[PDB]
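To begin, one chain is listed below as structure tokens, in the form solved without its partner chain.
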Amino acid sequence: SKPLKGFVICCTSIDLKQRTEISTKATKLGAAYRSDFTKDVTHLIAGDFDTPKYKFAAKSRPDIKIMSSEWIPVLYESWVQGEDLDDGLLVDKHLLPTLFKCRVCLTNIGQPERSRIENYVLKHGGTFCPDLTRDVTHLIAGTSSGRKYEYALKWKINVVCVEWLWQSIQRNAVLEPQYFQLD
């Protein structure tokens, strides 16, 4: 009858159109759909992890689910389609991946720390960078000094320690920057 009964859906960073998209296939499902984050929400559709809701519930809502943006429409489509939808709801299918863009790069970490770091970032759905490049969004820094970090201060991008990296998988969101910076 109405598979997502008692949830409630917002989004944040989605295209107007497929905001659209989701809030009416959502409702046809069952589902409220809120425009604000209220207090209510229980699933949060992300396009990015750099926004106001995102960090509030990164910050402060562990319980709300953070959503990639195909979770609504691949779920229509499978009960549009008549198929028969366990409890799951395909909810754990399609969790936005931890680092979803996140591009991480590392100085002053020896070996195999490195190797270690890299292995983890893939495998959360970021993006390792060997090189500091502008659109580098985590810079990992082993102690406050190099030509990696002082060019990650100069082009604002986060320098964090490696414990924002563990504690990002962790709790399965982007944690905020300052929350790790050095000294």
Second form
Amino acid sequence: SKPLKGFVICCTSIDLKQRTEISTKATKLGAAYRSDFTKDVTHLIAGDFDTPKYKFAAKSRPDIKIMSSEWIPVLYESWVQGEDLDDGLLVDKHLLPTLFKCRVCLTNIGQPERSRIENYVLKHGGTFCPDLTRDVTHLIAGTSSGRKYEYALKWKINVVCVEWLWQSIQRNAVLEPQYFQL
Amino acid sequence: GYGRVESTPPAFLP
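Now that the form solved without its partner chain has been shown, please provide the structure of the form deposited with its partner chain bound.
Below: every chain and molecule of the assembly, starting with the one above.
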């Protein structure tokens, strides 16, 4: 019984102790573990979207599933506890949210588009930020002007158009900001 | 606010 036979797993921005735990448990579960992001990788466990590995998956690997750090610890525990494991192997439950760790602020966008954007941000696992603070990862700007725009630039926050959001949602992964500049 | 640019009031939205 190798529940994860055929699974090839790679990790990105994972704590050393947790990554060692994941490599061990995934191997015991029957998966192939990869240190480097090799061609045969089927699943990428990610702790952040700001890594060459995550950026490669988002840009060039739409066949791979981007997973939460909890997937392997949770599935392994369930397995060794004698709990029942379905055909799913808790993949759907532990899929990393599309906008994982995104803190999205808006400027110069009117209503009802502002409400629409907020709802899609929350739906796809992001944090909606009415106020611009230095912890905002993305500022969706309607025009390249105003106080939010000026401070986001000073605070080195990504200033993107709304297509960053819509293309990230369609890809089901965080995409890079350089293609969505105003 | 300090390190903060508050949300634009609805009446001032384009």
